[PDB]
Amino acid sequence: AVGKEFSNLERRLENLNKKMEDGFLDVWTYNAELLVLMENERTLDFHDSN
Amino acid sequence: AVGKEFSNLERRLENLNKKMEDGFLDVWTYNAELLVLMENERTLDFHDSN
Amino acid sequence: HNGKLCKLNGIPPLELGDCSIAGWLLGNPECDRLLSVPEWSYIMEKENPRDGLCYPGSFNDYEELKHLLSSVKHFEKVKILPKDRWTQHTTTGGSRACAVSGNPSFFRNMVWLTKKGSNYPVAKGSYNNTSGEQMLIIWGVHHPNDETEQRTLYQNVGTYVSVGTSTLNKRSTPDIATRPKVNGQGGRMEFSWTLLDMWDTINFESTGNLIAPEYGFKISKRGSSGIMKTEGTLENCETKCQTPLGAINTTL
Amino acid sequence: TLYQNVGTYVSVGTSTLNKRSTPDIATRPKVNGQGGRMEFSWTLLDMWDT
Amino acid sequence: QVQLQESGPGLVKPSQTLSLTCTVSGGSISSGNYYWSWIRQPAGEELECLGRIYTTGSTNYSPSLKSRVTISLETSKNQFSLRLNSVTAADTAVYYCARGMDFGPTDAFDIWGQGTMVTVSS
Amino acid sequence: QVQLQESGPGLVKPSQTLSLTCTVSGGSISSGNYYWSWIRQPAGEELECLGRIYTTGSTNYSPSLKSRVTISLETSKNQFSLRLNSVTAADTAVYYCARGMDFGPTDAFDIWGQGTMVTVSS
Amino acid sequence: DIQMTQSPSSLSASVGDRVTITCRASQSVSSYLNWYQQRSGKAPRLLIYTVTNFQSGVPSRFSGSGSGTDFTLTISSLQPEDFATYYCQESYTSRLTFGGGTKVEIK
Amino acid sequence: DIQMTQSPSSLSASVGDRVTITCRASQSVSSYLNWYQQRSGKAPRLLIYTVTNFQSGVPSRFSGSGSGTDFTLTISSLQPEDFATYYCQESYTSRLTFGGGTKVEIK
Ligand SMILES: *[C@@H]1O[C@H](CO[C@@H]2O[C@@H](C)[C@@H](O)[C@@H](O)[C@@H]2O)[C@@H](O[C@@H]2O[C@H](CO)[C@@H](O[C@@H]3O[C@H](CO)[C@@H](O)[C@H](O)[C@@H]3O)[C@H](O)[C@H]2NC(C)=O)[C@H](O)[C@H]1NC(C)=O
Ligand SMILES: *[C@@H]1O[C@H](CO[C@@H]2O[C@@H](C)[C@@H](O)[C@@H](O)[C@@H]2O)[C@@H](O[C@@H]2O[C@H](CO)[C@@H](O[C@@H]3O[C@H](CO)[C@@H](O)[C@H](O)[C@@H]3O)[C@H](O)[C@H]2NC(C)=O)[C@H](O)[C@H]1NC(C)=O
Ligand SMILES: *[C@@H]1O[C@H](CO)[C@@H](O[C@@H]2O[C@H](CO)[C@@H](O)[C@H](O)[C@H]2NC(C)=O)[C@H](O)[C@H]1NC(C)=O
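Chains as they are written, first to last, in the numbering used here: chain U, 1 to 50; chain Z, 51 to 100; chain X, 101 to 352; chain C, 353 to 402; chain E, 403 to 524; chain D, 525 to 646; chain F, 647 to 753; chain L, 754 to 860.
The set of hints was computed from the structure by calculation and includes no laboratory data.
Don't be surprised by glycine CBs; every beta carbon is placed ideally from N, CA and C.
Do not rely on the hints blindly, as some may be mistaken.
[As the list claims (entries may be wrong)] Facing chain F, according to a computed beta carbon distance under 8 Å, are these residues of chain E, among others:
hint	residue
1	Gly-428
2	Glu-448
3	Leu-449
4	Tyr-456
5	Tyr-463
6	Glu-476
7	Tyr-498
8	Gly-515
9	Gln-516
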């Protein structure tokens, strides 16, 4: 369950929750895009070598 | 040192600790398995091309 | 996505509509359509809900409670302290702030205890939690904005409210002070909550300013979830993953 | 019976700590035979501090 | 101790405007959970609520009077006033300034002024 | 102010059961850090603890009596009672109801009842 | 709107007598009924602010009772100070109306 | 189990005299020794609840002292009200035993 409730005196904590979400998001986005690009090059090379 | 002690009024915080652990675990598990699979295909192709 | 808000893994959300969690649990006079309490797997709440605390106030550890309740797939509302047990106190008060059809009223699940006759005998009561499962108990303290108000409603001025269990030890006193008026009132109610374990006893004691629960809530499911903020309503559909914009049914 | 005085307090402090509390006298469930409770607190006293 | 003091008595003609001012002393009119009202008592009759004004400026007027009566709050002088338009002979009465307690469970007129007599006639 | 009142006096025969009930007034027997006990005083002798019962229901009985004596707690009536089985002539004594203070550093009999005489004879 | 009834319209009593005044609501008003003592020529004084709850300065001889629709004001022992018109008021509704008023007369 | 000894078994004194009663434990009981005043025909009354600490209502003339194995109860100035049998009790152990009892007699 993504998204947590924080009070107005917990901004320094809300910000950590935000950082994990943004952090993991950059990790997954970067990896997902490179995984797709790397696989597509390998895929096309595979078919041409076949 | 993995694992932290939280009180019963800190569940919203305990849950973030849990999320980092589960989060990093999915990142490492996914990457470790694809790293092994990608390397094994490259390894076998390497030997066959040699 | 589907564009629909669906049941998650066959279990519907709690649908609060225009109410907040505190409104629902305290019994805001305007949240009496939420008493259906269907088993839920997530809570659906309108962002910036209106039907919150009809009497201005605050709720302690509110975020922690909001988190707790997302796991409670189901509550049984239990009449722990019938309001007619306080034979020496007035249990019929209310406020125009919570009025229904022009008449003063109050939160439906609580008793505003005030003075009867010429006094406020120490109010006491307890419950031994023999319900078979852990209960959520909510109570609060009334903070007047005047000395006149404190005397008129409670007789005693140097009052306190004390609550405890085998693990809880809480005592507080009212803060009498001038405050800005919110919803017509310069007064404030402060709510607190605890979980009473099985076979444990909760003991209430007060010399004034106590809002006692009439009902508590038995929590019997113990899972994990969150609160989704959306202005829509539940449709008769099912999903595996739900977003505020509607459900997602994919394998990707 | 134990302390003579009723409106008591306990006050502790250092160059950084300023803590004061009073006892809560109230009926509580008995735990291990006792309806009483002890509350413990702690601090770190730095060097040469009092 | 808070006191409410009404302005003096007088005679007005039909179709005139009745105007009474209540001076509040001993505290501010914007201070607590209170409301002010005017209560009328024709000699020999029951007390009648003419209307109320809350410390926050909200108002409520009685059905037989609301098309004619205005009550207002002046914080800078700690004063309240009653304005009744289109007066008739039937409005001859004692007019009292009163301070009501707006406490949720308790709603009552705690402080009364002395009452000012207003006569309406030809 | 808490008071302890014992049931009335009497005569029992050997091998009978002694039964005394203490009524507690001025507070609940389940309220604080207290225990109740019965103390015996044969005329001319030292006070003897027969046994104790805690507010939580835990009990302790003296070695010469434990095979014969039972003490019980009845919360609904604020009462305690002493049951001594197989009485003999040697058990003739004054029996007192007493409230002990179970405070960690302080352990003493704070409130005493008046004492009920029980005679055991043929 | 709730209609009020109050009776007796008047009743005489001696000093030292027990005096009871009855106030009835056409609809329940819960506990939101207050009482006032008006002396002739003076503004009304508050006696009871909620049923049974009396105002500071009010003699202990003034004891309210009742609920919902049927309420009583009891003067346990009438004094020379109590020859007044008593009024009840229902504050449950938006119109804070008063009852007819009961006059206590000297016997 | 700890054996108690108390002495004198009796002692007479005049009103106004200094009176001391000695209580001895066969084993240390720390500070857990209390004292009682029993009047003939009445239940015992608590005087001292821990060594040196007296009960409310107990005259200041009753002053406890001592530790471990040797304790004293001192009456600074004997009154007509004090002709009683005094007992000490050791509450350290599970058996809350009493000493023999010391009778203060009129001289
Ligand atoms: C709160 O309530 C519990 C439970 O009480 C029992 O169940 C309720 C639903 C009602 O029907 C009650 O009338 C009923 O008593 C109380 O705990 C119970 O206390 C009794 C002793 O009084 C325990 O009995 C003993 O148990 C031991 C084993 O531990 C045996 O060896 C003994 O022979 C004897 O049977 C009972 O087990 C215990 N039950 C539970 C679930 O703990 C509790 O004391 C009460 N709290 C207060 C403050 O009164
Ligand atoms: C707590 O204790 C410290 C240390 O006191 C010293 O060491 C202890 C182990 C004992 O042996 C003490 O008897 C001994 O004094 C106190 O701090 C010390 O205060 C003195 C002044 O009274 C300082 O001396 C001066 O230092 C300046 C440099 O800052 C020189 O220019 C002066 O000529 C002179 O030598 C001393 O340096 C200082 N030491 C430390 C470690 O801070 C401290 O005051 C005391 N606290 C209280 C409340 O008494
Ligand atoms: C999630 O989507 C899948 C795919 O659309 C649904 O599975 C099948 O959908 C086709 C139509 O596209 C039907 O003809 C099949 O009969 C469905 N399969 C089964 C086993 O019923 C799946 O039902 C959808 N799940 C939810 C909860 O909506």
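Report the numbers of all earlier hints that the structure fails to satisfy, in ascending order.
-> Violated: hints 1, 4, 5, 6.
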